[PDB]
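Please model the entire structure based on the sequences and the hints provided.
4 protein chains.
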Amino acid sequence: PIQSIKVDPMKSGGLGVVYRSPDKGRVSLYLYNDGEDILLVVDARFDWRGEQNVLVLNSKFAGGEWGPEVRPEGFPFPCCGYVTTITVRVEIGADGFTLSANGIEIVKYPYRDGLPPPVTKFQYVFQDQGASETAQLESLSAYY
Amino acid sequence: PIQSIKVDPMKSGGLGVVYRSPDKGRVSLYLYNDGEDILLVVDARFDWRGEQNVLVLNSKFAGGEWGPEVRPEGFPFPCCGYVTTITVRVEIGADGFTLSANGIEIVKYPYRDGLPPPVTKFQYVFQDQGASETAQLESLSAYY
Amino acid sequence: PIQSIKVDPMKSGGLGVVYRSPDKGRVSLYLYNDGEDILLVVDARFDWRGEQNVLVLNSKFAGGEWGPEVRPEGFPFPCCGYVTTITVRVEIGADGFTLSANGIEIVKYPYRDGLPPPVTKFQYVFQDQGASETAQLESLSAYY
Amino acid sequence: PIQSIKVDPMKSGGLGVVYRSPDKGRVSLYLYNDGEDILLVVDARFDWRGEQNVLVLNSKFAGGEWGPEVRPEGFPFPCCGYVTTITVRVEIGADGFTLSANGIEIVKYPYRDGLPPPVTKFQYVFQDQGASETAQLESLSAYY
Ligand SMILES: [Cl-]
Ligand SMILES: [Cl-]
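Same order as they appear, the protein sequences are chains F, V, Y and C. For the first sequence, our numbering gives the first residue as 1, with consecutive numbering after it. For the second sequence, our numbering gives the first residue as 1, with consecutive numbering after it. For the third sequence, our numbering gives the first residue as 1, with consecutive numbering after it. For the fourth sequence, our numbering gives the first residue as 1, with consecutive numbering after it.
Some hints could be false.
Since the list gives no way to pick out one identical chain from another, each pair is judged satisfied if it fits inside one copy or across any two copies.
Said to hold, decoys possible - Calculated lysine to any residue pairs in the SDA-like style (CA-CA distance at most 25 Å, straight line):
no.	residue 1	residue 2
1	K24	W48
2	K60	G93
3	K6	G96
4	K24	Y143
5	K6	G35
6	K60	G130
7	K108	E133
8	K60	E133
9	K60	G25
10	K24	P117
11	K6	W48
12	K6	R89
13	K108	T134
14	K121	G35
15	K60	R112
16	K6	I38
17	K108	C80
18	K108	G81
19	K121	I38
20	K6	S28
Simulated from the structure, these hints should not be mistaken for laboratory data.
Next comes the structure, spelled out in structure tokens:
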């Protein structure tokens with residue numbers, strides 16, 4: 001449920017993960033810096049603390065709390081309570097992260113008010129919430 | 001919208017399509033033989049004539065009637081109006097077909113009485129409802 | 001050893017094969033039309049009739065003569081007797097074909113005078129010399 | 001020419017890299033532990049300090065020098081002075097690392113005399129030796 005990869009000062013390219021999704025709970029992806037700030041989170045919520053099939057993007061500093069939430073239409077959660085393999089890739093952009101899933105671009109996310117790269121840790125977290133089918137991680141990836 | 005490949009008689013192997021899904025309408029996969037009998041159709045109904053996110057399997061002779069329709073679950077229909085990229089593979093068994101989507105098995109279809117392989121056609125058909133994102137086909141593939 | 005797919009008239013798109021190579025012999029890719037003219041053959045000679053690791057492109061009418069033979073370089077022929085997995089794709093241009101192996105372009109073949117697309121057959125043929133590892137074909141693929 | 005990924009205590013699974021090979025020089029892959037020992041190196045030598053198209057596997061402790069060298073037949077170096085995309089995956093086995101390339105297994109390598117996992121850093125190094133076509137890294141990967 002927790003694993004991660006730790007990379008050389010990544011000021012370009014993209015990280016990516018492949019996982020089997022879960023019917024409940026959520027699957028978050030963390031993009032830390034050296035200060036251990038959160039340059040970005042990608043929180044896909046399958047069935048979480050009240051909401052289904054919701055995608056959240058945010059960023060905080062280590063010590064302070066969260067910023068304005070981003071919910072973008074386009075994340076391929078399955079309907080019907082199903083589960084499938086999802087590919088998510090995060091591109092390290094010039095003016096921001098660019099997120100896509102299963103090869104289809106979800107959204108551009110400009111770097112938060114003084115929180116630019118490099119990314120140095122990339123982290124997958126699954127948090128269960130009573131899931132009949134738990135998430136399964138297949139792969140973590142840095143691209144150059 | 002309508003595309004196919006003609007193989008050499010396959011009795012062993014598998015077939016694969018890759019496409020971006022539509023928000024409405026349906027996407028059908030026809031496995032024919034010589035006589036243009038449907039050994040199996042895989043009808044992914046995203047929104048079609050009053051069904052949402054419905055997987056239909058079945059078979060009919062060339063100019064015959066449909067058999068009883070199998071309705072499996074586990075098909076990565078995106079929630080909430082979305083479109084994603086789908087990967088679908090059918091393994092041509094010695095028993096029946098084995099259906100998969102995104103590296104995940106959905107169901108076993110024992111061939112219908114009188115409709116064994118050889119398969120010689122693999123067909124893609126998309127049929128529009130009122131979809132704002134029509135499906136676009138990517139790849140058609142035989143596996144040996 | 002010998003396998004193919006029949007497409008709908010492709011004038012736009014690409015075709016793909018994936019195979020494990022042999023140590024000796026050759027592997028040819030034929031792009032036919034209706035009249036069974038060779039719009040293009042891609043003849044990878046691993047050891048064939050006194051050529052080692054030789055890439056031959058060419059075209060002939062159905063019951064006609066070969067044209068002048070193009071001999072490109074850059075084809076991932078394994079060294080030292082080895083077998084590997086090859087990925088070959090041909091893009092059906094508006095100019096000619098674009099040849100690729102393992103995500104890498106090898107050459108541009110402007111269609112031969114009188115042999116434009118539509119392509120309707122994509123054929124794989126392996127011909128043994130004295131190879132201790134015969135080639136085994138994996139996938140045949142049209143791209144749209 | 002140098003990049004690497006740093007992983008959670010990997011006692012199973014496999015690491016992998018995708019690169020564009022170089023016409024000369026060599027491309028080494030390092031599997032370190034926490035002591036910064038070398039659990040394994042995978043040195044593919046395209047054109048190195050006297051030899052062509054040679055594959056070397058070894059392991060040392062941090063302070064002492066190398067062990068017995070392993071050269072396994074099967075690495076897909078290109079002939080002819082060419083370059084192509086190579087996929088190498090290293091599986092973290094029960095009794096050893098298991099190496100394959102382009103989906104074809106090269107060899108089992110049992111853990112060196114008291115040098116078992118976990119792996120914690122995975123590292124790509126290209127060292128040039130007058131190369132007309134330098135290696136290009138595409139991706140580093142941990143598999144679970
Ligand atoms: Cl027909
Ligand atoms: Cl014919």
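Hints, one by one, checked against the model:
1. When the C-alpha separation of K24 and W48 is checked against a cutoff of 25 Å, the pair qualifies only within one copy, where the shortest distance is 7 Å, while the shortest distance between copies is 27 Å.
2. In this assembly of identical chains, the alpha carbons of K60 and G93 lie at most 25 Å apart only when taken from the same copy (19 Å versus 39 Å across copies).
3. In this homomeric assembly, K6 and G96 come within 25 Å of each other (Cα to Cα) both inside a single copy, at 20 Å, and across copies, at 24 Å.
4. In the homo-oligomer, the alpha carbons of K24 and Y143 lie at most 25 Å apart only across protomers (23 Å), although the nearest pairing inside one protomer, at 30 Å, exceeds that limit.
5. Taking the closest pair of Cα atoms, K6 and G35 come within 25 Å of each other both inside a single copy (13 Å) and across two copies (17 Å).
6. For the identical chains of this complex, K60 and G130 are neighbours neither inside a copy (28 Å) nor across copies (41 Å), given an alpha-carbon limit of 25 Å.
7. For the identical chains of this complex, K108 and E133 are inter-copy neighbours only, at 20 Å across copies versus 31 Å inside a copy, given an alpha-carbon limit of 25 Å.
8. In this assembly of identical chains, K60 and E133 lie within 25 Å of each other by CA distance neither inside one copy nor across copies; the values are 30 Å within and 35 Å between.
9. In this assembly of identical chains, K60 and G25 lie within 25 Å of each other by CA distance solely inside one copy; the values are 22 Å within and 41 Å between copies.
10. Taking identical chains as interchangeable, the C-alpha atoms of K24 and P117 are never at most 25 Å apart, the minima being 32 Å within one chain and 34 Å between chains.
11. With identical chains, the CA atoms of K6 and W48 are never at most 25 Å apart, being 28 Å at best within one copy and 30 Å at best between copies.
12. For the identical chains of this complex, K6 and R89 are neighbours both inside a copy (16 Å) and across copies (19 Å), given an alpha-carbon limit of 25 Å.
13. Taking the closest pair of Cα atoms, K108 and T134 come within 25 Å of each other only across two copies (23 Å); inside a single copy the shortest separation is 29 Å, beyond that limit.
14. Taking the closest pair of Cα atoms, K121 and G35 come within 25 Å of each other both inside a single copy (11 Å) and across two copies (21 Å).
15. Proximity of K60 and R112 under a CA criterion of 25 Å is satisfied intra-copy only: 9 Å inside one chain copy versus 44 Å between copies.
16. For a Cα distance limit of 25 Å, the shortest separation of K6 from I38 qualifies both inside one copy, at 14 Å, and across copies, at 18 Å.
17. In this assembly of identical chains, the alpha carbons of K108 and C80 lie at most 25 Å apart only when taken from different copies (20 Å versus 28 Å within one copy).
18. Taking the shortest Cα distances, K108 and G81 sit within 25 Å of each other only across copies (20 Å), while inside one copy they are farther apart (28 Å).
19. Proximity of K121 to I38 under the C-alpha cut-off of 25 Å is found in both arrangements, the shortest distances being 10 Å within a copy and 23 Å between copies.
20. In this homomeric assembly, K6 and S28 come within 25 Å of each other (Cα to Cα) both inside a single copy, at 16 Å, and across copies, at 19 Å.
Hints 6, 8, 10 and 11 from the list above are not met by this structure, while the remaining hints are.
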